[PDB]
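**Q** Okay, here's what each chain looks like letter by letter:
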Amino acid sequence: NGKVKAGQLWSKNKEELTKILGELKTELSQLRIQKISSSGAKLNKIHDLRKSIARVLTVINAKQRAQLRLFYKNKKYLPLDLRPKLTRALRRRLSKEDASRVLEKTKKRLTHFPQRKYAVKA
Amino acid sequence: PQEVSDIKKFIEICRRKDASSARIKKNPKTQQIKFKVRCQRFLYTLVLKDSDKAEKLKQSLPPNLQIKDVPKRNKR
Amino acid sequence: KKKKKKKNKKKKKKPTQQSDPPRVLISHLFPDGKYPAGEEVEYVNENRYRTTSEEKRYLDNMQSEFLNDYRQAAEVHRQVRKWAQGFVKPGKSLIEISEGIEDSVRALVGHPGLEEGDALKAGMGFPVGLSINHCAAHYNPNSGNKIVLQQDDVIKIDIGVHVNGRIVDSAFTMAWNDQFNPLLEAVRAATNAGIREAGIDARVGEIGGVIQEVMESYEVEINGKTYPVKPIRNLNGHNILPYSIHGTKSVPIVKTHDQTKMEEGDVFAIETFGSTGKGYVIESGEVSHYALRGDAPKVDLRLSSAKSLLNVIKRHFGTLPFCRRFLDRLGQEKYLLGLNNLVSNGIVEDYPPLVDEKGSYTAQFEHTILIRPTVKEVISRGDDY
Amino acid sequence: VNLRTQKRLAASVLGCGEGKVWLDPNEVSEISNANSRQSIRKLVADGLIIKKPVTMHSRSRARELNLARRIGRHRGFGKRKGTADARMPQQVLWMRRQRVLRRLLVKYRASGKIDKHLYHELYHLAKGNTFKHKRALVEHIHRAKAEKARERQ
Amino acid sequence: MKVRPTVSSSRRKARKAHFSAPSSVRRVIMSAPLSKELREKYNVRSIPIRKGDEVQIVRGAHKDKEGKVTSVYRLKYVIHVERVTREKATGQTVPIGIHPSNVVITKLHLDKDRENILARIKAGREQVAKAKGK
Amino acid sequence: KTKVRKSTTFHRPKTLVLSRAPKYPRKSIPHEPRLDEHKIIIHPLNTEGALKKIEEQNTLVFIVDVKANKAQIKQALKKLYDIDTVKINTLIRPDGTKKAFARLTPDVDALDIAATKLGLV
RNA sequence: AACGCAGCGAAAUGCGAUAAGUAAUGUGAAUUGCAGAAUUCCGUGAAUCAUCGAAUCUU
RNA sequence: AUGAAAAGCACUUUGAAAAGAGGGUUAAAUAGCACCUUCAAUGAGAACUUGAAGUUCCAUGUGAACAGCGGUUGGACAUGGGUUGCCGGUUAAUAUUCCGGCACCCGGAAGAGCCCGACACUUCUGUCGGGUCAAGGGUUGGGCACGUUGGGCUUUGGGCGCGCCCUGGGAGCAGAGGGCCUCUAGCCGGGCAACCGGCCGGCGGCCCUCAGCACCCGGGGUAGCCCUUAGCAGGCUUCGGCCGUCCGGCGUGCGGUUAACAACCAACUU
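Those protein sequences? They're chains Lh, Lk, A, LR, LY and LX, same order as listed.
Reminder that position 29 of the first sequence reads as 32 in the entry's author numbering, one-by-one numbering, no gaps.
Reminder that position 5 of the second sequence reads as 6 in the entry's author numbering, one-by-one numbering, no gaps.
Reminder that position 302 of the third sequence reads as 361 in the entry's author numbering, one-by-one numbering, no gaps.
Reminder that position 64 of the fourth sequence reads as 65 in the entry's author numbering, one-by-one numbering, no gaps.
Reminder that position 95 of the fifth sequence reads as 95 in the entry's author numbering, one-by-one numbering, no gaps.
Reminder that position 63 of the sixth sequence reads as 98 in the entry's author numbering, one-by-one numbering, no gaps.
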């Protein structure tokens with residue numbers, strides 16, 4: 004047994020990720036029992052096991068998040084956490100198409116009388 | 002704690018399924034034999050005077066019931 | 060007068076030789092009751108007169124019984140260490156080595172160590188030592204251990220035998236890779252140098268100082284890199300008292316100004332430790348070794364499990380060190396709680412394995428010497444070391 | 002040696018105060034390492050810890066004075082400090098006499114010694130402070146009955 | 001003189017950035033000049049020192065002392081080479097910290113990444129030369 | 036032409052309430068079950084009092100999370116150690132953690148459980 | 001704002017039961033008071049390093 | 001804000017300790033992390049510690065500081081531990097919360113607690129016996145006859161025994177004597193030794209004879225209990241008869257005049 008590398012975790016299905024998470028949590032339990040009155044090399048493993056559990060949970064979480072974004076592709080209403088977060092102001096700001104819209108009369112002026120590329124000699 | 006005055010009722014109380022245990026208490030200073038049976042809810046005590054009647058009762062109740070003799074100075 | 064039946068009772072010849080493993084009572088092998096003396100060395104320089112002193116010779120004769128049973132104990136040690144030197148090899152398990160050593164000792168001394176009082180009459184002086192690689196001392200496999208020695212192990216074998224509370228403690232090291240061989244000679248020289256230096260009125264700091272020149276005068280080639288041999292400063296020899304492996308006086312293996320003298324009638328354990336590392340060891344690993352303290356606090360134990368276990372230790376082991384397996388063989392079922400409570404209270408000290416830094420190699424040799432009134436007797440000397 | 006913990010523990014186990022616990026001076030060493038209720042309890046059985054008897058406080062003199070008052074030895078005027086009502090209330094004297102007189106009249110009516118008409122007349126006479134005590138009431142009844150007997154015509 | 005606007009010529013800011021520099025930055029600060037043999041072999045003037053290579057001391061009370069670095073101790077801006085020690089009162093030997101600027105690297109610790117580091121520095125130096133020599 | 040009314044009090048008519056049928060979950064995935072058996076049970080307590088409980092009262096003293104109740108403690112020990120309990124008594128220590136005394140069923144011996152379940156070994 | 005989290009910490013700093021942090025990218029041998037690791041670089045890669053686009057985020 | 005770098009002081013010695021004197025590091029230490037009484041015990045030291053006599057909680061330790069004197073002591077310091085509807089018990093520290101029992105005149109209940117004892121006991125551990133119920137007032141006693149209820153006790157008659165003592169079988173166990181064979185130890189003659197002959201200790205498994213304790217099966221006798229009839233288990237006499245000289249109560253004439261008398265029990269108050 005040893006520290007779990009995050010590289011190999013990314014290539015495992017969900018159910019195998021769940022199985023390894025249970026083993027890691029179980030090992031941390033009994034190893035945390037022995038901590039009373041003992042100083043030495045025993046402690047290093049529980050620190051590694053805690054961080055090992057964290058890596059697995061992120062991998063399970065990340066693979067779950069990626070699947071949800073795939074399912075909710077081409078969907079009008081996405082969940083709140085899957086929706087982009089920039090700031091409150093940027094989300095209420097007008098859409099790019101809306102802020103750049105023009106009227107019929109303004110479009111007619113620009114079509115026939117836009118700003119020209121002119122030069123004046125001396 | 003409740004008393005059984007009649008003999009016949011006492012065996013039926015000792016016969017019901019929730020009779021966990023029973024004991025015999027001897028009072029030599031008065032010649033009283035106390036038959037106590039413990040059920041789910043109550044402890045039933047039957048006070049006896051004649052030891053001749055006592056011997057008939059001990060072998061009449063169903064054998065499954067555990068009976069003790071209540072020794073003096075029960076250790077903690 | 061009644062003439063009763065008297066069937067012929069063939070006088071069995073006493074056995075003259077030992078077996079593999081050793082099971083023959085030692086008294087069978089020495090039918091006259093006299094056991095061999097150890098190595099006898101005259102004191103040096105201003106103490107040479109001691110050899111022929113009439114008054115000191117008679118004084119020694121007052122303790123003839125002390126001398127002769129100890130000589131028995133030393134002879135038992137030599138035969139058991141010969142067997143051990145012939146048996147230990149890569150591929151042997153620690154469990155079977157320990158069981159074989161104890162059975163041989165117990166058979167030879169005639170004490171199964173199951174009945175009350177029996178372990179206090181004679182037998183093991185302390186738990187055997189089976190120390191691998193970086194472990195210098197105080198490692199013993201507990202029940203169920205499955206570890207097998209490998210080619211690259213360095214194993215320390217430390218055997219103690221007592222008779223009537225007089226304990227012979229001697230220890231030696233084996234290795235099988237020739238690059239590890241030089242370590243044994245280095246430590247051997249210091250032990251042998253101690254033998255030359257030991258004596259009445261000798262100052263212990265000089266022994267420690269001499270040890271320093273010899274250890275740093277040796278080096279060993281390991282895997283292409285050279286390491287000087289360093290004394291393990293924080294280990295020391297000791298005096299021996301009845302039924303107690305450690306007395307109050309120490310003989311260091313580094314220089315000091317200590318003005319403690321070796322004295323007539325004393326017994327000393329001359330032990331040396333060498334290391335390729337820092338030269339001091341720390342406690343690390345699973346604990347197997349324990350010993351009741353002579354200066355034991357007389358705390359009124361609050362735990363009943365402890366209340367029993369302590370008496371069992373005193374009755375069966377007294378102040379002699381013991382191990383867990385010595386409890387298992389008595390029939391105590393689950394007892395660690397009382398034992399750990401006793402350790403926590405401080406009545407009974409637990410002796411964890413002692414290790415130098417990871418990747419280093421250590422060697423150990425030990426002898427017991429008796430400081431007799433006329434001469435020094437290195438009683439545990441043999442042809443191996 | 003500090004035995005303050007031992008004295009507190011002994012008092013709790015002995016079921017007494019801390020001022021009654023006696024610890025043997027000549028065995029302060031064994032008491033010193035008691036440091037538990039069981040060990041303190043063991044030293045009680047071994048006679049090392051003993052509960053002192055209570056200080057003597059006797060009511061013998063109080064009994065002697067009470068007996069002397071029953072015969073009238075310490076009842077003088079100089080021995081009274083309160084009012085006669087505080088010492089012996091008139092309200093309880095009146096209540097005692099009323100019940101005594103009423104109880105006497107009740108059994109006389111039941112036994113037939115007097116009829117209801119004489120009983121009723123005597124009941125209000127008693128309520129009116131006519132008879133000092135029991136003897137006066139019976140003396141009155143005897144005189145009245147004789148006169149009632151006398152009218153034979 | 002300083003020209004670029006982003007560069008600061010303030011003593012206070014320079015002292016703060018140097019003493020409070022993180023571990024990655026402290027590696028670049030703790031650089032040592034290569035030996036002339038390696039300087040002409042790799043065309044590299046200096047390298048960030050690393051634990052695992054032999055070093056010669058050129059300044060201090062321990063001049064002309066050769067030994068391999070046992071620890072690159074970045075917190076104190078010092079390194080420890082072998083056999084440079086000082087005895088305490090107890091007689092225990094403690095390593096003496098030497099600044100990487102007072103030493104010269106006579107042998108390198110040859111790793112796969114040090115090849116890239118040396119290749120990057122070398123390729124840059126002649127590349128500059130061709131541009132300047134035009 | 037209008038329905039009769041037996042009372043002079045007008046009451047709001049009953050109209051149906053449609054259940055919520057959101058077109059998107061406000062939270063993408065439900066949270067993992069918080070405070071499972073590993074989070075609840077932290078470590079047994081090795082102290083003179085706690086060990087005394089094991090030998091005499093057949094009870095095990097544990098240190099659990101301060102925000103767990105007796106129902107969760109009983110379930111945690113059963114699914115993690117396969118040990119049953121007749122009752123559990125919990126207190127919150129002054130340091131801020133929860134101490135749980137768990138009396139085991141009479142069929143099992145707690146002292147063995149400490150050895151087998153590695154409580155103290 | 002409160003309460004917790006470090007092998008050994010009380011404060012500060014940092015973090016949130018994934019807790020003195022995780023993932024990903026860059027760089028490329030350390031951290032350091034004592035402990036304790038990793039490549040042994042051919043994938044696999046220290047550190048409270050830098051960056052930081054993925055997550056966790058107790059009351 | 002020591003010093004470039006902790007190189008921050010090894011070791012010896014005095015002192016209970018703090019520290020001092022040497023010695024050492026440094027370029028520099030003119031840079032040292034301040035850059036009420038008596039006795040006894042404990043202890044370097046006792047008026048204010050202890051025994052006997054007259055989170056502050058708990059345990060262990062303790063240099064400085066504090067406890068306006070001291071301090072070995074502490075609510076101070078250091079490090080551990082402690083907080084889980086009645087009775088009894090349990091802890092160094094929690095209990096109506098833990099454990100056991102039992103619940104929402106008699107049973108509980110004497111088996112509990114409390115006093116006395118005896119023997120053991122290093123401790124793991126106690127074990128077994130005994131007890132522990134002049135005036136001011138009350139309560140009884142009302143009788144004879146008759147009839148009726150409990151019949152308090154006894155005799156006869158009827159029913160149910162097995163308490164003891166006498167007789168048959170067994171079970172388990174204990175000890176003394178004799179027989180079978182197995183292991184270990186001492187003495188004598190012989191024998192190079194091996195081995196062969198005689199005496200002696202521990203044996204020590206099995207069989208036979210004698211003495212003692214506890215248990216089971218089958219046959220005899222009571223000695224105890226329950227029920228009825230008669231007397232109240234009775235005494236006197238004409239010997240017919242009479243008294244009911246048994247206790248307890250209830251109903252009908254009385255008598256109620258000296259119960260205004262006796263006995264018994266009780267506190268206090270001029």
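Hints are computed from structural coordinates only; laboratory data are not their basis.
All residues carry an ideal CB built from backbone N, CA and C; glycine is no exception.
Please note that a few of the clues may not be correct.
Quick look at which bits of chain A chain LX covers, simulated, 3 or more residues with Cβ under 8 Å [claimed, not checked]:
1) 298-311
2) 355-364
Restricting the straight-line Cα-Cα distance to at most 35 Å, the calculated cross-link-like pairs of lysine-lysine (DSBU-like) are [what the hints assert, rightly or not]:
3) LX:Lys102 x A:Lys366
4) Lh:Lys17 x LX:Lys113
5) LX:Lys102 x Lh:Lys22
6) Lh:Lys66 x LX:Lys109
7) Lk:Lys76 x LX:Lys62
8) LX:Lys152 x Lh:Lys28
9) LR:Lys43 x Lk:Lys76
10) LX:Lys88 x LR:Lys52
11) LX:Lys62 x Lh:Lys99
12) Lk:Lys37 x Lk:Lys10
13) LX:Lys87 x Lh:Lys28
14) A:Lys373 x LX:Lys87
15) LR:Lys21 x LR:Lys8
16) LX:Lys113 x A:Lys205
17) LX:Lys102 x Lh:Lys28
18) A:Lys205 x Lh:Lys45
19) A:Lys151 x A:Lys366
20) LY:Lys51 x Lh:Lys54
21) A:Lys151 x Lh:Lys6
22) Lh:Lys8 x LY:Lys134
23) LX:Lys87 x Lh:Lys15
24) A:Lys417 x Lh:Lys45
25) A:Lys357 x LX:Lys113
26) Lh:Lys38 x A:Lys73
27) Lh:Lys45 x A:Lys393
28) A:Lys73 x A:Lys62
29) LY:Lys76 x LY:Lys65
**Q** Does each hint hold? Answer for all of them.
**A** Hint-by-hint comparison with the structure:
Evaluation of the coverage hint for the stretch 298-311 of chain A: breached, as 0 residues show C-beta separations to chain LX shorter than 8 Å, against a requirement of three. Look at the stretch 355-364 of chain A against chain LX: 4 of its residues bring a Cβ nearer than 8 Å to a Cβ of that chain, three or more, so the hint holds. Annotation: proposed proximity of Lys102 (chain LX) to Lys366 (chain A) is violated, straight-line Cα distance about 38 Å (limit 35 Å). Distance hint between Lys17 (chain Lh) and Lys113 (chain LX) is fulfilled; the C-alpha atoms sit about 27 Å from each other, no more than 35 Å.
Pair hint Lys102 (chain LX) plus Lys22 (chain Lh) holds up; C-alpha atoms about 27 Å apart against a cutoff of 35 Å. With a C-alpha separation of about 34 Å, the suggested pairing of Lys66 (chain Lh) with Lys109 (chain LX) holds against the 35 Å cut-off. The suggested pairing of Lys76 (chain Lk) with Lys62 (chain LX) is violated, with an alpha-carbon distance near 64 Å, which exceeds 35 Å. Simply put, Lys152 (chain LX) and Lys28 (chain Lh) have alpha-carbon atoms about 16 Å apart, close enough for the 35 Å limit, and the pair holds.
A hinted pair counts as satisfied when its Cα atoms are at most 35 Å apart, and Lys43 (chain LR) with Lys76 (chain Lk) qualifies at roughly 17 Å. For a cut-off of 35 Å, the pair hint linking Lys88 (chain LX) to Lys52 (chain LR) stands: about 32 Å separates their Cα positions. At most 35 Å may separate the alpha-carbon atoms for a hinted pair to count; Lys62 (chain LX) and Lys99 (chain Lh) meet this at roughly 28 Å. Taking the CA atoms of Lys37 (chain Lk) and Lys10 (chain Lk), the gap is about 13 Å. The hint holds against a cut of 35 Å.
Between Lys87 (chain LX) and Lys28 (chain Lh), the direct Cα distance comes to roughly 30 Å. Compliance with the 35 Å bound is thereby established for this hinted pair. With a C-alpha separation of about 23 Å, the suggested pair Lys373 (chain A) and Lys87 (chain LX) falls inside the 35 Å cut-off, and the hint holds. Using a Cα cut-off of 35 Å, the hinted pair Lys21 (chain LR) and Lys8 (chain LR) holds, with the two alpha carbons roughly 10 Å apart. Under the criterion of a C-alpha separation no larger than 35 Å, the hint pairing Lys113 (chain LX) with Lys205 (chain A) is consistent with the structure, at around 32 Å.
Only pairs whose Cα atoms come within 35 Å are accepted, and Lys102 (chain LX) paired with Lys28 (chain Lh) is accepted, the gap being roughly 20 Å. For the proposed pair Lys205 (chain A) and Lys45 (chain Lh), the alpha carbon gap of about 21 Å is at most 35 Å, so the pair holds. Under the criterion of a C-alpha separation no larger than 35 Å, the hint pairing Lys151 (chain A) with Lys366 (chain A) is inconsistent with the structure, at around 39 Å. Pair hint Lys51 (chain LY) plus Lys54 (chain Lh) holds up; C-alpha atoms about 28 Å apart against a cutoff of 35 Å.
As the CA atoms of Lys151 (chain A) and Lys6 (chain Lh) are separated by approximately 32 Å, the hinted pair is consistent with the 35 Å bound. Restraint check for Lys8 (chain Lh) and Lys134 (chain LY): not satisfied, since their Cα atoms lie roughly 51 Å apart, outside the 35 Å limit. A hinted pair counts as satisfied when its Cα atoms are at most 35 Å apart, and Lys87 (chain LX) with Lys15 (chain Lh) does not qualify at roughly 47 Å. As the CA atoms of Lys417 (chain A) and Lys45 (chain Lh) are separated by approximately 15 Å, the hinted pair is consistent with the 35 Å bound.
Between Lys357 (chain A) and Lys113 (chain LX), the direct Cα distance comes to roughly 41 Å. Violation of the 35 Å bound is thereby established for this hinted pair. Simply put, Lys38 (chain Lh) and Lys73 (chain A) have alpha-carbon atoms about 57 Å apart, too far for the 35 Å limit, and the pair is violated. For the proposed pair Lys45 (chain Lh) and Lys393 (chain A), the alpha carbon gap of about 24 Å is at most 35 Å, so the pair holds. Only pairs whose Cα atoms come within 35 Å are accepted, and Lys73 (chain A) paired with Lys62 (chain A) is accepted, the gap being roughly 30 Å.
For the hint linking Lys76 (chain LY) to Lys65 (chain LY), the alpha-carbon distance of about 21 Å falls within 35 Å, and the restraint holds.
The structure shown violates the earlier hints numbered 1, 3, 7, 19, 22, 23, 25 and 26.
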